[PDB]
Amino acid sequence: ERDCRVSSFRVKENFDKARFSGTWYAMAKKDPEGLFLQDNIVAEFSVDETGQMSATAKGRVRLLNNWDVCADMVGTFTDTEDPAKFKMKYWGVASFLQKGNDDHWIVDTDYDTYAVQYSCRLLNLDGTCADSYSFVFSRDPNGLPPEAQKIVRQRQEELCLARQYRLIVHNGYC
């Protein structure tokens, strides 16, 4: 009976790009089809004077045949009418790395502790998402405090994803 229509999902009110800048460690991920970033995922968010948000990311990716590489990715965000919803153009510093353009929603954050991100790449005909991914980010690479963990779990459930996350390990591979 819970609403899993993407159009129903709440996102961060009055999202503040400047407060969001800096280092975010991925603690958990819900994978999309043909997943790219595997683990050791660390993102760096910036804003320029124009107010344009951008980011970089490091992480182990596993090209099939069991070949691991540390991908180095770049993203630039185009604003929409909702301050928490963006279009993210992304590519790798190496051109053979995956490129594309995904929706990028900041579903919730408190800026200094946790963030929950969401992207629906493709809708179902009933408004639910056919192909989604989601990152949970922490400022501390050792994980979230209990109060933040509990908030995040609630958001995960609201996105209809709470059963579908896996933990992201950080072991200095990159």
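Shifts are known only where both forms have a C-alpha. Residue numbers count along the first chain shown, from 1. By rigid core we mean the largest C-alpha set that fits within 1.5 Å across both forms. What changes on going to the form solved in complex with its partner chain:
- Comparing the forms between these two forms on their rigid core, the Cα displacement of residue 125 stays under 2 Å.
- Once both forms are fitted on their core, a CA shift of 2 Å or more is seen for residue 97 between these two forms.
- Relative to the superposed core, residue 50 undergoes a C-alpha shift smaller than 2 Å between these two forms.
- Relative to the superposed core, shifted segments between these two forms, defined as three or more consecutive residues with every Cα moved by 2 Å or more, span 63-67, 94-97.
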Second form
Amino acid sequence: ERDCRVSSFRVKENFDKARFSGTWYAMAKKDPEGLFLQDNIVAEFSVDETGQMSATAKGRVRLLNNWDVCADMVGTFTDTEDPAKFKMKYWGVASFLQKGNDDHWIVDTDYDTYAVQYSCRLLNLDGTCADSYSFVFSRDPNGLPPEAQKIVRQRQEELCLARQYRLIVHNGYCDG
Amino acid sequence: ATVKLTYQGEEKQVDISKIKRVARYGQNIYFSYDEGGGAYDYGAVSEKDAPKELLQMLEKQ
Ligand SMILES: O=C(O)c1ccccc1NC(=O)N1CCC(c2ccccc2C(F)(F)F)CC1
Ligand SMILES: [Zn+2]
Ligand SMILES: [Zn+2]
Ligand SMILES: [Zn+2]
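Now show the form solved in complex with its partner chain, given that the preceding structure was the form solved without its partner chain.
Everything in the complex follows now, all chains and molecules, and the chain you saw is the first one.
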């Protein structure tokens, strides 16, 4: 928790792409600088015959104070020496035109209840992160059991993001 | 009169006259016919490729 260099962060041991697959609901988020999905954020992870992992991400986007839309993005993950650290190329589909390439770290998960994700986009010279985003994912769209909640809080502190997350809803805006 | 623009991911003939919502978002301009703002009812074009009549509508605010 006191060493805040991105290099010193533990990630998920022996991360298993296949057990991670399926639907993950974002329950809380820590925003990066700039534009970002707002809420109703749902990610679907998949593993193909090759073992290459993929995901879709859907959520609400606020174009104007009076104009909310939904946006879909697809991401393709390139493996690293670390089974939990990926490089994710992503792009919007249909008429969502945002795209990019981010580090994508699975900081921890039990695959059945919760996951903590993390992406440092820009590092300070001293190795701490100057621009990051992070999701708390749950298999349950509405909440986490208290056991999971305790672990998540620990991981947020380890990321030096304690108290920097916002809870985000799932109210059907993009899936009904 | 109309312009070739992508709308809900499909190439459409868009009458810019009838656009009721327009916004700059990142490097792109998003637009919709719909006053009700249906969640997926929108198209988009890059700022650099945007027809001038669309930019005019955007900038008049
Ligand atoms: O990145 C931008 O420039 C941007 C601009 C406007 C609006 C949203 C934006 N970006 C995001 O919201 N996100 C969160 C989702 C993330 C993604 C995409 C596809 C598959 C999985 C994931 C995963 F990382 F969440 F798993 C991509 C970055
Ligand atoms: Zn551990
Ligand atoms: Zn529940
Ligand atoms: Zn739903």
